[PDB]
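*Asks:* The chain contents come next:
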Amino acid sequence: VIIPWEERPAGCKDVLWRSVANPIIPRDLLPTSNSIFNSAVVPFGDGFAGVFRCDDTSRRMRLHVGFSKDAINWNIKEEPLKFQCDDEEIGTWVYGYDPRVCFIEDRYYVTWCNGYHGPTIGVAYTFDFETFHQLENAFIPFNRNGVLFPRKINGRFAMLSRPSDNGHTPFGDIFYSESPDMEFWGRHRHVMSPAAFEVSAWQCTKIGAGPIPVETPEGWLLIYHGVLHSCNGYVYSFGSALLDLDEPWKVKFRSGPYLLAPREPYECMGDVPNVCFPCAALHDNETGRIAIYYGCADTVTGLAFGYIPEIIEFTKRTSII
Amino acid sequence: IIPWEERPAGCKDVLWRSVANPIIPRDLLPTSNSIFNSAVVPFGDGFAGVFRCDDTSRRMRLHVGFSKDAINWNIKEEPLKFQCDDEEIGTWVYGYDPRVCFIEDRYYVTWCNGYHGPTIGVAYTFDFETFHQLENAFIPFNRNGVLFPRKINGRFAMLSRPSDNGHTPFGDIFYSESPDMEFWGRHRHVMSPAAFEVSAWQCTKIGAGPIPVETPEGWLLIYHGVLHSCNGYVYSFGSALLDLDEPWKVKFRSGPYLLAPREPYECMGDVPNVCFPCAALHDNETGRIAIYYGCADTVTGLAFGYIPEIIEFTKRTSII
Amino acid sequence: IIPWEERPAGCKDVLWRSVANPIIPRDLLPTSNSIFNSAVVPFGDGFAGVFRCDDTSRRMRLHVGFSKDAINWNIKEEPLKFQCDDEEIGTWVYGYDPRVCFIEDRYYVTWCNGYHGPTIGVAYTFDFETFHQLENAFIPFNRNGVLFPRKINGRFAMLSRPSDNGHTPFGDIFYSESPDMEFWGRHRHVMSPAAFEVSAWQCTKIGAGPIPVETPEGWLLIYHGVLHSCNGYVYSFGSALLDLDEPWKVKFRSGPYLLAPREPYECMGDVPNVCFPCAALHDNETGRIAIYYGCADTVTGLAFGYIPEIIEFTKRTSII
Amino acid sequence: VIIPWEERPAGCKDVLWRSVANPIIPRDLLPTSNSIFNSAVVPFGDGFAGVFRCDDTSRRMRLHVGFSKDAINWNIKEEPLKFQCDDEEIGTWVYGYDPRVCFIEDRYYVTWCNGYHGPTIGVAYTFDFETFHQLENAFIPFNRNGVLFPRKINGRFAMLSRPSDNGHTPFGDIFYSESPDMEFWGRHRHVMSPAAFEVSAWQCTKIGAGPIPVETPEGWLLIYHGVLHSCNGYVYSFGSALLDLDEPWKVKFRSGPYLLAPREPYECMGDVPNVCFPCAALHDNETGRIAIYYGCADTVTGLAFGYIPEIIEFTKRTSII
Amino acid sequence: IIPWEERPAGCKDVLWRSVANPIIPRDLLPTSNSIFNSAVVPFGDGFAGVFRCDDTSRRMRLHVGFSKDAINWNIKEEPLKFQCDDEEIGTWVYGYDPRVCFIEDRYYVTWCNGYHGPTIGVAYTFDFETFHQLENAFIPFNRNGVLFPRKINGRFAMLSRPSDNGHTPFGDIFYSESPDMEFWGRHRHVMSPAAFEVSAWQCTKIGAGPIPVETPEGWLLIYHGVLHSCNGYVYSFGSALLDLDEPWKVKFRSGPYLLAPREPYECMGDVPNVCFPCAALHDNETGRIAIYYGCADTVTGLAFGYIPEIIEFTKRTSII
Amino acid sequence: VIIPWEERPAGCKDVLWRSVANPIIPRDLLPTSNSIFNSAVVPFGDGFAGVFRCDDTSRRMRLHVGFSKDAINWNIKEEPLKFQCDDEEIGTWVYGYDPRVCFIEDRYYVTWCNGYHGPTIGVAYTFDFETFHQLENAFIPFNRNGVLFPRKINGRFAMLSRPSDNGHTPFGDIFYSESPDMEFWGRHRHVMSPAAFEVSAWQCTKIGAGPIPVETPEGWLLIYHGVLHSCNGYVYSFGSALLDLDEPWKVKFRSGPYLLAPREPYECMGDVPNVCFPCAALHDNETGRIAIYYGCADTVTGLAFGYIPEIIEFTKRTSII
Ligand SMILES: [K+]
Ligand SMILES: [K+]
Ligand SMILES: [K+]
Ligand SMILES: [K+]
Ligand SMILES: [K+]
Ligand SMILES: [K+]
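Chains as they are written, first to last, in the numbering used here: chain G, 3 to 323; chain V, 6 to 325; chain C, 6 to 325; chain E, 3 to 323; chain Z, 6 to 325; chain L, 3 to 323.
One should not assume that every hint holds.
Only pairs whose alpha carbons sit at most 27 Å apart, straight line, appear in this in silico BS3-like list of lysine-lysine [claimed, not checked]:
no., chain 1, residue 1, chain 2, residue 2
1, V, 320, C, 86
2, E, 79, L, 15
3, G, 318, L, 84
4, L, 252, G, 15
5, G, 84, E, 318
6, V, 17, C, 81
7, E, 79, L, 318
8, C, 17, Z, 81
9, E, 79, G, 79
10, Z, 86, L, 252
11, C, 17, C, 156
12, Z, 320, V, 86
13, V, 81, Z, 320
14, C, 320, Z, 320
Now the stretches of chain C that chain E is said to cover, found in silico as 3 or more residues with beta-carbon under 8 Å [unchecked claim]:
no., stretch
15, 134–140
16, 161–173
17, 296–308
No wet-lab data here; the hints were simulated from the structure. Using N, Cα and C, we set each Cβ at its ideal position, and we do this for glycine too.
Could you build all of it, start to finish, from the sequences and the hints given here?
*Replies:* Listed below in structure tokens is the structure:
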């Protein structure tokens, strides 16, 4: 697996740096796409695969499969994916957004914000990114920013989530839950809350999980978004925390500064201005390299690069825990 | 021997209020401000319950109570304290909205438990002296958690009511199952508030009340509904019938309310215009049912009816 | 022979409540939850009315009533249906806020009629048994439609109250005309809520109540006003005098109210703290006026006064 | 009558395409103009005339007359338009915006959102775009987006409107009404409501009529805006519907996708970000060509081009009715 | 000789309502709609006060009252007019929330005075006949202004409550000093609403009531607290002890309330569920204190207690 | 003192013109700066000094001292400034923004929006822009936009303020207060309220003082911001008023039009879009030159130039009183 990479520019001191090829996925890649801004990406085969949020010209929210040789240039299917489901009630499509994908043990799991009398977390698996078998929704509405851990945590599946409401939710804590079987969920634990505005305002309104947690010797590296409320709306930035390995609802370090915030025209102008919303990462433990995918202005998808050891140090050095 | 009063003569109402309401006064304890949830079950030679008693600090606490007749209560002055092996879950913040039922071999208690916002707490007891707390069933925000009094195809089942962090302006009843009273899933929507032009007493939000009452025709669900006036919410309650095997499937749902705020003790107090049903005792032999409900979030009331009359009213006036 | 009761001696109030209030109870009908609009007129050897009767489903429906004395009413159990040649307009969604007056050859009914939101429905009857529905007078959102009881310079005329899709937090009274009871126009603003520092009982929103009463010095308009407290709205009512020929021109408007919620039947009920005037009977010969009003959106009450006194009060306390 | 036209760019598949000379009217055309973003345009004499919303440097909303040879380059009068009115109360000017202009039988009629104890629909006529005779306001407040039909229907004048409130209204259905005399109005009928967000979210908060309805054998072509509410405010897009010829409150087809939505910098940045608000169109039945004027970010005016038969085919094929 | 009624036998309550409540009715004056702030002090061989009397126009005015026994009040019909040499500050817009205390050589009156929004008006009087207006103490928005009854280290001192332009959803008590009753500063935060899970009767906002009472253990502050239900605000009141020398430092603060809306005259009226303390008379030799408070923003009521008992209560139940 | 100046562009008829080198202070000037958008600038020594609002990458609001030879190119201290205070209660730092600086008789005074149980006006002095001595907060919360007068008025210090609330306040009048000693404040007077929307909508939601009042023979020249509320948020523009010399709460003239409104990409895009927030001015009575510093989009700092006599004449001739 060769992950995408660009070397940190000369004299850049930032922990993460934007791809000079951003945006890597344009808003109009498909004949009917309005925007493409969640890219739930993983290695697959001799390349990469992913589940993409592609909102169409009707402003419907759909998920599409994509493939790529280099993880930068994507061939996304024109037709939305369809989930196969034994149960007619759960298998009913209303809408879907916020996908996340990860491989656990023997297959790829997809979670997404699935409408079922409100936003909840849908769950499906695939062996091949062609047929997807839909499982029970993991939780009762309202919930989103569902993000699985990439292995079992002491014998059970684990998921981060984000209790919400039925609108543009003005609050949001990260939570942790477990399941023995991808059907029945429990042992719910609070992970963290928005910071106080006077401490770290980029994350003081609400927060939610981003990429699949990345295992490091110093804890699970969580890349997560945070919201700040100005008089003219919300600004979405993102940052990092380290979670205990065995009890990942225990936050050990949490960054004060953001890692990335809306700065470039493609992040500050578009369907929802001033949004950097991380959705996936690819990483390489040998080199420490990480590549983070993020939606820009809810319009296009970008990539940013960093080193895991540098991120860990930044997280601990600036920690507000 | 559950409490009973015959319908007044000439009264054609399906439910009739006890002539002795309120049956529990606001100031029964030395520091109680209000007492308005009564989660009542038969126990040993008499009755037991878990009661929401808000104190003079306006803190929300649960207290155990006992009664020989189910009308006159001796409520413990100390609040109930749960035992928990897990210190994280075992931390008390607040508690309201209790419900109590016997399932297979023990009594279970659910309540709206504070855990970074309202969720549904779960505990068991054999004796109403020691309570053993289990995992909270769901992530916040959730309340009106009401267990079924037996397993449904080999699993525990619970009605709930996803909510928000404040005075929630919405709310559907949901249904979930668990094999072990720890892990929960198979979530199914039961019902939504009605359109205001169909049935406005239940058009803002709804929530389950007493434990479901099994009948040959399905589960008898007594639930509250809210109407939003310019000067606030009005809580009334009514009746539905749920499928026996798949209780998320609603068979019949009443258009009219069974009861709504009328009397001064319902219409004046800490939260005016509230009738909030929280428990029921019934006898299948005679069809008699006795429904406990909170009045004005201040005091506790009792109402009477017959199960076959309620069922016929529910079908005849059904908006499904 | 309009209803009347003498001024309690050593009462100096412009209006005084009937000692028999409430004159219509909430449960007069077997399925009524509340009865609090009574759009009353003389008819044959007695009186007839269209009443807002909300049922135990909290649906809003209109029912006909009859009475020998205008105090004790026999209201039909079944809601009235309108007859309409146009299927789209004749679709019933909900109805409230009725008003009734005789114009020239027949009685006209207006009400708040649901047609993709609140608007003003219009109908005529000759007999109070069959009602023929005409075009809704305006586009939503509008209510408190009140016809003048004769034409104003060759046209039908109506007061209205532009509103929104909810519990509207604003409301001016407007005036409109129509040559044919179908097409409406020449809209003119009558008045806006007062500044709270001047007259706070009518500072949030106002609306017309009774059919305007012709006096030789202009139209007596009895209208409700709303005050917004931290705990919701308080509805009181008062008086204005409109120019005879151009009734959008307000000549005098009272600073103080005439009546405000005081009694328990006004202060406790489905919507607390509401006195909402809906009709009036009067006798020019004696100057007597009898004013019907909804109490707490639950029951109907009556109040009495003298036209000349009300006019004097209106001029003397005028904020215009 | 030679309407403005540019061909569809090479390989463009879109039903409408933007003028490459956008914006066609700049914000600062008049000495005190702040913004010029409604252009109610008609053929007149040997060229074109129009009534324009020009908000000045005091942010007052005024209407101005303009003229043009080619309908792209405009000479707008510096002085605001004054209406003559026989009734001094109705003739009182508080503010005006949202103009629309059309010729009905023997004269041009102007409607606008006119302040009369709140927004309502004002009405006037002119024969020459010099003297304007003000008629009665058509409706009681609150209402705007008044748009006349360009001929009588069943022997009456007809007008689409849009019941509103006293603010930045968070709802809005399109209504239809008739008048025998341009004075008394009635026979009010509901045309359509915002769509469900799951179905077509660009038009799920509110909608309102745009250009004068365009007669086709297939019904009235209505171009209308719709609003989507994001966390960061409203996004105005526009689309198309076909109304029954004889009973125009009856919608026959209604597009799922939008025709145009904010995409270019001049639509995304300015006084009100993310607005494409259609206001007028010129069309030529012989060729099928249509040119649609629309306000961009409440700052400038743009043009877009299409073919009426293609628009109708799109409206039908993608219909949500 | 302060008013006094002994505690009923068998009552463990720290305060008890007078059995003759309400002591001032809503209709005492010819045009009074409600009378519910009574800023009372000893004066001559009896008592005086400034009273908030809202009229039938719902305008908020202040009127002077006198009483020989402090229970039965003769309140003047004419609103009080302040004399002021500056016409800008002297302009009357509205006035409510009065408080009155003697400091050194005269009586001082504070009130919520409209000056482009609510702020704290200040005046003095020697005789309760002429009132001389001083500068408003603060910029809007502020109210619940309450002076200390002597200087604190050579300065006048005042508690206040920063607010907004509406029915304020927040509110901390602050402390400020002035050398000269014109320029104010050294602002210090006294306290904030409590967390709802700790003491919900005081979790939305709080504000000072009676003039602070000097005790050997600190200043006894009686203050109101607000709880926010789905149906509005509930106003209760409680006690704190402030440091004698630096009175922004709170030493003790009651978890429970001392009094909360319970009787019909507190629960029903213009603003339901309000007990708003506004003044207190006390006798240090016997420990007796008589607390005046508004009831449902309609009438005025009286409650009694013993200062040593209130202190012990405040200490024993302190949440700090 | 040689104040920065650029000559009025040929053809330009505006009363103020933007520097051709805007933004003069970039958002990333400091190693940890997210945005730099208030520049409270004064002559000092052989050049200029200032207190600057620099929000960091944690989105904390801090004040930093800066120095410049020319008042355009600034050397801002990396470390936030710290206030010295004898009282521990008042000396507690929670947050600070909205700085203003002016020399009064013998020292420089700094005001800012200081957190003390909500937003209030902090006050400090400095002789050297190295040590700052904090005084009592001038008012009880909630208040901001505190701006001292640059000399005493009838023997007293004087300050403009702006009573607010605990959020993004949807209202705002300018008030005036006095103090004999920079400790006790009083004699509060209403200066002005927002204008009616039908008169001057750029200033109809709220208003607040900007630069230190500039004394002229015709009154105090107040440059102030005004807010307009669109469906998509607030737009901040600024204009001018003349206050009576002896009783500065008496407004004598107040402009109808604005002087400046968000127009350029650096005013329209950034952390808070569509904001032009004036915070300071340098002026020369001999030449009438004035240079006005202003925050752009709450991101960067810009400069604009004008002539005081032109501004006085514009203010009077366009007066809405
Ligand atoms: K945690
Ligand atoms: K169901
Ligand atoms: K008028
Ligand atoms: K239709
Ligand atoms: K303190
Ligand atoms: K002034």
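*Asks:* Does each hint fit the structure? Answer for all of them.
*Replies:* Hint check results:
1. Distance check on the hinted pair: residue 320 of chain V and residue 86 of chain C sit about 25 Å apart at the alpha-carbon level, within 27 Å; holds.
2. Of the supplied pair hints, the one linking residue 79 of chain E and residue 15 of chain L holds, its CA atoms being roughly 19 Å apart against a limit of 27 Å.
3. Between residue 318 of chain G and residue 84 of chain L the alpha-carbon distance is near 25 Å, which keeps this suggested pair within the 27 Å criterion.
4. A C-alpha spacing of about 53 Å is found between residue 252 of chain L and residue 15 of chain G, which places the hinted pair above 27 Å, so the restraint is violated.
5. Restraint check for residue 84 of chain G and residue 318 of chain E: the C-alpha separation of about 25 Å stays at or below 27 Å, so the hint holds.
6. Distance hint between residue 17 of chain V and residue 81 of chain C is fulfilled; the C-alpha atoms sit about 19 Å from each other, no more than 27 Å.
7. Using a Cα cut-off of 27 Å, the hinted pair residue 79 of chain E and residue 318 of chain L holds, with the two alpha carbons roughly 26 Å apart.
8. The straight-line distance between the Cα atoms of residue 17 of chain C and residue 81 of chain Z is roughly 19 Å, inside the 27 Å bound, and the hint therefore holds.
9. The hinted pair formed by residue 79 of chain E and residue 79 of chain G fails the criterion: a straight-line CA distance of about 53 Å is larger than 27 Å.
10. Among the hinted pairs, residue 86 of chain Z with residue 252 of chain L is consistent with the structure: their alpha-carbon atoms are about 26 Å apart, no more than 27 Å.
11. Only pairs whose Cα atoms come within 27 Å are accepted, and residue 17 of chain C paired with residue 156 of chain C is rejected, the gap being roughly 36 Å.
12. Only pairs whose Cα atoms come within 27 Å are accepted, and residue 320 of chain Z paired with residue 86 of chain V is accepted, the gap being roughly 25 Å.
13. For the hint pairing residue 81 of chain V with residue 320 of chain Z, the CA-to-CA distance comes to about 25 Å; that is within 27 Å, so the pair holds.
14. Our distance criterion of 27 Å between C-alpha atoms is broken by residue 320 of chain C and residue 320 of chain Z, whose separation comes to about 59 Å.
15. Only residues whose C-beta sits within less than 8 Å of a C-beta in chain E count toward coverage, and the stretch 134–140 of chain C has 1 of them, not enough to reach three; the restraint is violated.
16. With a threshold of 8 Å between beta carbons, the proposed coverage of the stretch 161–173 of chain C by chain E holds, since 4 of its residues qualify and at least three are required.
17. Remark: the stretch 296–308 of chain C is not confirmed as covered by chain E, as 0 of its residues place a Cβ nearer than 8 Å to a Cβ of that chain, below the required three.
Against the hints set out earlier in the document, violations occur for numbers 4, 9, 11, 14, 15 and 17.
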